[PDB]
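A.B. asks: What follows is each chain in one-letter form.
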Amino acid sequence: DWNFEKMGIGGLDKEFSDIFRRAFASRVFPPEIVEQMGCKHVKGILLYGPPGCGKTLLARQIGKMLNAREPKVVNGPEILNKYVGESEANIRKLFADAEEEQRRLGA
Amino acid sequence: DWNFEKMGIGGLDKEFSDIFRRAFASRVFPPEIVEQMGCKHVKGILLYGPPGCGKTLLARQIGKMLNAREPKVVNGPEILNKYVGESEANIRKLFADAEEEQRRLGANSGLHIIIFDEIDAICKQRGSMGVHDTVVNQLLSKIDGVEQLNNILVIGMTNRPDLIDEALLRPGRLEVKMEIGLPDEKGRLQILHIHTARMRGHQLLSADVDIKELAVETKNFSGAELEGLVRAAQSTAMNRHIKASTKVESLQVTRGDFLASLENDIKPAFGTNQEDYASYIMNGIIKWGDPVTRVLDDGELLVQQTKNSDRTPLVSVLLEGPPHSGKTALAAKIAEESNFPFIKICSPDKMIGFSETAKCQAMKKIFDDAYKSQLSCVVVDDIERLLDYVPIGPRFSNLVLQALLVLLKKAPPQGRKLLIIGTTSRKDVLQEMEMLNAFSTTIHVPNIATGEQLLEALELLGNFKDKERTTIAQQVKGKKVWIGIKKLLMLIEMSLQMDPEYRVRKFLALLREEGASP
Ligand SMILES: Nc1ncnc2c1ncn2[C@@H]1O[C@H](COP(=O)(O)OP(=O)(O)OP(=O)(O)O)[C@@H](O)[C@H]1O
Ligand SMILES: Nc1ncnc2c1ncn2[C@@H]1O[C@H](COP(=O)(O)OP(=O)(O)O)[C@@H](O)[C@H]1O
Ligand SMILES: Nc1ncnc2c1ncn2[C@@H]1O[C@H](COP(=O)(O)OP(=O)(O)O)[C@@H](O)[C@H]1O
Ligand SMILES: [Mg+2]
Numbered sequence: 212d213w214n215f216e217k218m219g220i221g222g223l224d225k226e227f228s229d230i231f232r233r234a235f236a237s238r239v240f241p242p243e244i245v246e247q248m249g250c251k252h253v254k255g256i257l258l259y260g261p262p263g264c265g266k267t268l269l270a271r272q273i274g275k276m277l278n279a280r281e282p283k284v285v286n287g288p289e290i291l292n293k294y295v296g297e298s299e300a301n302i303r304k305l306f307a308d309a310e311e312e313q314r315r316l317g318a
Numbered sequence: 212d213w214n215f216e217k218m219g220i221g222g223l224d225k226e227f228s229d230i231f232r233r234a235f236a237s238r239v240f241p242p243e244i245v246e247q248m249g250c251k252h253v254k255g256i257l258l259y260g261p262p263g264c265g266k267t268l269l270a271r272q273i274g275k276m277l278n279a280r281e282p283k284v285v286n287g288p289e290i291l292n293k294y295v296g297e298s299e300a301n302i303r304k305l306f307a308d309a310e311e312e313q314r315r316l317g318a319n320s321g322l323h324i325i326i327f328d329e330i331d332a333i334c335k336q337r338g339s340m345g346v347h348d349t350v351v352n353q354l355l356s357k358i359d360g361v362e363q364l365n366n367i368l369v370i371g372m373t374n375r376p377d378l379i380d381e382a383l384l385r386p387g388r389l390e391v392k393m394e395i396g397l398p399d400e401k402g403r404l405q406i407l408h409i410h411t412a413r414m415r416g417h418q419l420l421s422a423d424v425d426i427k428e429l430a431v432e433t434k435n436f437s438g439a440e441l442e443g444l445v446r447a448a449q450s451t452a453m454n455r456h457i458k459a460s461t462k463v471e472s473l474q475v476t477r478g479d480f481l482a483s484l485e486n487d488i489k490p491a492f493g494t495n496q497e498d499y500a501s502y503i504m505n506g507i508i509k510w511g512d513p514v515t516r517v518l519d520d521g522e523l524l525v526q527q528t529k530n531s532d533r534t535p536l537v538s539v540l541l542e543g544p545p546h547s548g549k550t551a552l553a554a555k556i557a558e559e560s561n562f563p564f565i566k567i568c569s570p571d572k573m574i575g576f577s578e579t580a581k582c583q584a585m586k587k588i589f590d591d592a593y594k595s596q597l598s599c600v601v602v603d604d605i606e607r608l609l610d611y612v613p614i615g616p617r618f619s620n621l622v623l624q625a626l627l628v629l630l631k632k633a634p635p636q637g638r639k640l641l642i643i644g645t646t647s648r649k650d651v652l653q654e655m656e657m658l659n660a661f662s663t664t665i666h667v668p669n670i671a672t673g674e675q676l677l678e679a680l681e682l683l684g685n686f687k688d689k690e691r692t693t694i695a696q697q698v699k700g701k702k703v704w705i706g707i708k709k710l711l712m713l714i715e716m717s718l719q720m721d722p723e724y725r726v727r728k729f730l731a732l733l734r735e736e737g738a739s740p
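One line per chain: the protein sequences are D and E, in this order.
Residue 318 is where the first sequence ends in the entry's author numbering, and the numbering goes up by one at each step.
Taken in order, the second sequence gives residues 212 to 340, 345 to 463, 471 to 740; the numbers are from the entry's author numbering.
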């Protein structure tokens, strides 16, 4: 279970459990039963709200709660460069390392 | 054999058989007899249908049903990127693996399957409603040009079959075309059985989860959303054991989690969106007279007619009356009473600030979506506000009017059914705009007229006691009133704030000051 208060966040209490249960209950639990389950792991989340409510603060805390790598960052208005084709190059480079890790010594 | 159930495919049963018969048949029987006839093999297939209905699955499974090499993949819009010609040369190299192997082994080479995604972007290049002409011409030349290639195959899939140019769908090029549609109950049962198979292989499913019931519960679903439902149910059931119960074998899935996921988690895209009716029917409906009963009976008769008719697949009705009379609260109820799988509401509230072209596209998209389901009901709200009508000059938009007039008569395709309900507040203007001769029937919603009906409505609502009731009646029964229901609610709410002694008086005053009308 999770006690939000000591992680640096407070007030976003109810809207934490829903995401936790929905998309993070299958990255925990003994893996052996999950192998038989066959369920795949979610690969997307969307957050919306007014500015300055703590949206970024939640990502850097979810990252350090699943024992993951460090968060890569990207911006929207900058990747829309004039160079069409080099934007695709940036998109490729963004995944390059994770693609490589999955390609070798994966699972 | 044609065992399309052991490979993952579900509802699709006739499309597979026909496709295999017509295309993947010349390459199955003995080579000698085929050479004796010397018949050229098919070199193209086209697929269309609603998204997420099991298209790519069939494309990838068909190749493995045959014996071919790695199936390539190419994106539609990506092909029309910043550079062309170099990307055309990349297309040439994409097919060169088969080209060199072909001339090296003219009649003893394998299949080089290439799959096309969103072929609409690549081709089409319409001049109604530049650099891409080079790509369409190059693709046409390569597929079937002076050079002859036999050991390739092209499978294209799209979502808007009409946008495909007629040049491609000619003999030699892509000829066999197929439609993939939403599954019926049988398809849903087959898909649920396929996906919920491993679960029964380890006794991890409770005995109370009846697939047959779930099949009838979900209406107008898609395979992807069925898989999502199964995933959500599994997630909830498992999370039930990562809580106050045992912490990080007695694990099973119960129908309760399935029902919870159905009602809270997954929202179908071709289904009845229940959350939308909380903002159009707020205070319910109260029987203050005969007109409500008459209107509801008319609505139910219309629904019954459209559901059990074969010579009238299209029926429309118009509701009209004075302003502030509850027109948008009686139409939604009529639509909801019927159990039609597909229901939608197109209203101006979601088009604040649009141009005159976005509205036409939105309306056409809604009516296009409504055609896929086998039973529908679409509501248009506040037609005049939709037309941007102002009585000084006057002014309005012609495009929207023409689109509406054309749409209100196009019958549903093949063998389906429809029902369109409209709402308005100024019938004479519609009479002069010729629209009223496009609708099929009209219904009139009246206002409160006599004192007795006012007394009945006030009692049924319930705000005043016996003494105040008698006091109000004493004055009210001595004359006739004219006021709509919504204004009555507003006046009651305004009056109730005053102190108990003056309430009655205040209310009376308002009714006298505003009740001036015929
Ligand atoms: N029998 C009834 N018929 C209609 N509306 C009723 C009835 N009983 C209660 N109401 C309430 O009256 C209101 C009718 O809807 P609403 O206030 O939106 O009016 P309207 O006719 O849609 O208005 P307008 O056309 O001016 O936009 C809703 O609050 C509905 O709950
Ligand atoms: N629920 C919260 N608890 C504690 N601090 C918060 C919370 N929400 C926002 N903050 C404060 O806001 C600051 C910046 O928030 P930020 O992540 O930039 O929000 P956004 O990116 O949505 O503007 C942080 O220093 C953080 O302390
Ligand atoms: N008839 C079906 N039988 C079994 N699974 C299906 C069926 N239709 C869809 N699915 C599931 O839903 C997903 C739909 O993806 P796909 O059809 O590839 O999308 P698209 O058609 O847009 O390319 C598949 O991955 C598959 O698991
Ligand atoms: Mg209205």
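Incorrect hints may have been included.
[Stated by the list, open to error] When the alpha-carbon atoms are kept at most 30 angstroms apart in a straight line, the in silico DSS-like pairs for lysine-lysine are as follows:
1) E/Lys-594 to E/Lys-555
2) E/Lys-462 to D/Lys-225
3) D/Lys-266 to E/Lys-489
4) D/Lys-254 to E/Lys-462
5) E/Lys-632 to D/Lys-251
6) D/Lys-251 to E/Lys-293
7) E/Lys-458 to D/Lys-266
8) D/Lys-254 to E/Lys-275
9) D/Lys-251 to E/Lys-304
10) E/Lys-555 to E/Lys-489
11) D/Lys-254 to E/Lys-529
12) D/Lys-251 to E/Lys-529
13) E/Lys-687 to E/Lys-708
14) E/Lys-687 to D/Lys-293
15) D/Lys-254 to E/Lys-434
16) E/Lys-489 to D/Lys-225
17) D/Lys-251 to E/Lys-434
18) D/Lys-251 to E/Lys-708
19) E/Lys-275 to D/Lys-275
20) E/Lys-304 to D/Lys-293
21) E/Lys-572 to D/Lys-266
22) D/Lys-254 to E/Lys-217
23) D/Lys-251 to E/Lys-631
24) D/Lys-304 to E/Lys-587
25) E/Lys-254 to E/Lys-434
26) E/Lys-689 to E/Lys-632
27) E/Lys-649 to D/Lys-225
28) E/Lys-458 to D/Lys-217
29) E/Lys-335 to D/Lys-293
30) D/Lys-275 to E/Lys-462
Simulated from the structure, these hints should not be mistaken for lab results.
A.B. asks: Between the alpha carbons of D/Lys-251 and E/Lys-293, is the straight-line distance 30 angstroms or under?
C.D. replies: 36 angstroms, violated
A.B. asks: Please verify whether E/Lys-254 and E/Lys-434 have alpha carbons no more than 30 angstroms apart.
C.D. replies: 38 angstroms, violated
A.B. asks: For the pair supplied as a hint, E/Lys-458 and D/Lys-266, confirm whether the alpha-carbon distance does not exceed 30 angstroms.
C.D. replies: Distance ~26 angstroms between E/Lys-458 and D/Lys-266 Cα, so the pair holds.
A.B. asks: E/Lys-649 and D/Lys-225: Cα distance at most 30 angstroms?
C.D. replies: 50 angstroms, violated
A.B. asks: Is D/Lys-254 within 30 angstroms of E/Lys-217, Cα to Cα?
C.D. replies: The given pair, whose Cα atoms are some 28 angstroms apart, holds under the 30 angstroms limit.
A.B. asks: Does E/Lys-462 lie within 30 angstroms of D/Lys-275 when you go C-alpha to C-alpha?
C.D. replies: Within the cut-off at roughly 21 angstroms; holds.
A.B. asks: For the pair supplied as a hint, D/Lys-251 and E/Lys-708, is the alpha-carbon distance within the 30 angstroms limit?
C.D. replies: Violated: D/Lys-251 and E/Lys-708 sit about 52 angstroms apart, past 30 angstroms.
A.B. asks: Does the alpha-carbon distance linking D/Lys-251 and E/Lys-529 stay inside the 30 angstroms limit?
C.D. replies: Since the Cα atoms of D/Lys-251 and E/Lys-529 sit roughly 42 angstroms apart, the hinted pair is violated (cutoff 30 angstroms).
A.B. asks: Are the Cα positions of D/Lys-251 and E/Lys-631 separated by 30 angstroms at most?
C.D. replies: 47 angstroms, violated
A.B. asks: Regarding the pair E/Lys-458 and D/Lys-217, is the alpha-carbon distance no greater than 30 angstroms?
C.D. replies: 20 angstroms, holds
A.B. asks: What's the verdict on D/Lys-304 and E/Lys-587, does the C-alpha distance respect the 30 angstroms limit or exceed it?
C.D. replies: 37 angstroms, violated
A.B. asks: Taken at face value, is the distance from the CA of E/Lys-434 to the CA of D/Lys-251 at most 30 angstroms?
C.D. replies: 25 angstroms, holds
In the structure shown, a violation is registered for the earlier hints numbered 5, 6, 9, 11, 12, 14, 18, 19, 23, 24, 25, 26 and 27, in ascending order.
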